[PDB]
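Only one chain is included here, represented as structure tokens and corresponding to the form deposited without the named molecule.
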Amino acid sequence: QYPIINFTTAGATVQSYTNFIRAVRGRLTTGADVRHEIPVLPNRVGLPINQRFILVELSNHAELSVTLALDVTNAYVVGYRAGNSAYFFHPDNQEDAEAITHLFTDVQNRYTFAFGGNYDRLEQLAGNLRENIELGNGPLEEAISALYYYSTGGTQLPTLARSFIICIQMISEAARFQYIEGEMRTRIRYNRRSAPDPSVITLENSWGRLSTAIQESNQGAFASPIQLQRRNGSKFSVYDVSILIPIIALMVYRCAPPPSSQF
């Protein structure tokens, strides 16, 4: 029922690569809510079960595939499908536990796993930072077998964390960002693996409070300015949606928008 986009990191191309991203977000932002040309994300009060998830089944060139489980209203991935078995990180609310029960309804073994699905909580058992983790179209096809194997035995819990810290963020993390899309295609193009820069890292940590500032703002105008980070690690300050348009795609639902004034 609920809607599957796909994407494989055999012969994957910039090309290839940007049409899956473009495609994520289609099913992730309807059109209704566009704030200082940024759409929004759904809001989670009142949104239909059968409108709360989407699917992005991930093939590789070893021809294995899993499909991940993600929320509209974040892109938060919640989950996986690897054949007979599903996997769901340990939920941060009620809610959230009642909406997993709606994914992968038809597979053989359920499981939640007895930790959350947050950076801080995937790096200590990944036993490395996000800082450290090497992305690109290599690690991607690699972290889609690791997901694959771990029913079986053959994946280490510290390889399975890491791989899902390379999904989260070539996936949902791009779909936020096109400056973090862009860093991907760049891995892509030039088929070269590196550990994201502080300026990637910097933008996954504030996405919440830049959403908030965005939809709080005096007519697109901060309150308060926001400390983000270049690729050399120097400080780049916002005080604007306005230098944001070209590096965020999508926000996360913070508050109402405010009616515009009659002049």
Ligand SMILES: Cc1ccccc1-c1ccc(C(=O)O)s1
Contents of the next structure:
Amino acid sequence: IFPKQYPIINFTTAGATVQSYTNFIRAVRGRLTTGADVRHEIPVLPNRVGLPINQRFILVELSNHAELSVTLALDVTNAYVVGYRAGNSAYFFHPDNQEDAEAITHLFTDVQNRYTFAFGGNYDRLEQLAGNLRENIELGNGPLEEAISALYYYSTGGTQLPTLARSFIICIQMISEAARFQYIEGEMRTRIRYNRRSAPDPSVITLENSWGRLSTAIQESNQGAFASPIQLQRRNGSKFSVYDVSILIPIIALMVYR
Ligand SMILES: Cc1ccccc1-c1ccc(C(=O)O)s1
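Moving on from the form deposited without the named molecule, please list the structure of the form solved in complex with the named molecule.
Entire complex below, previous chain first.
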């Protein structure tokens, strides 16, 4: 079996810096936005429809101080993690539809063991499996180091499901959500700068929750003006309304097709 070859971007927590993390997220954004183009200075990710299988995925190869390596597969249509490989096993989130189920059969096709979880990659179920909300799961280089080891050792049963789910929540936010939002990239750069370890505040969590709604609102807008306002949160958890794309141009880096 000679598998389909997808673009690969490398990141290591070993000696990570603001620069190396910045280079990584910019490279991930680069390979996500080669298809489709810009609306209000914000790139729209390729549409699911008509996209050849050979262009459907990018791979993120993560290494850590323990010199363990896992490869995450990201769907170029939404920047989100669909599955990963560690050694001779690949693990996939439960696909949402028959089309996505067929598409992921093209990933890691030479791997000896394929596993598909009963749960999807959505935070609601991952938080239940982890035994914590995103607001109580620390992010930073330390959590990412640990998450890489946890994903690696699941291949041999060394990792318990709650720790695997916690580890997915860490990787998704520090990779997918950072690619999607300059604001969240900024949050992760700040943690790395100050060698910090801290849970995302409500501003980050509400942006993650609102990515789909913001993508639709911006693309359906009358030259930037929303048909309905969108409620986001400040760092202190208070709600404000957004009526227009302007304030979001520095915040949101990528949108899903509307
Ligand atoms: C989330 C968001 C979007 C657009 C513009 C601003 C903001 C804020 C994040 C945090 C904020 C505080 O703590 O005031 S305001």
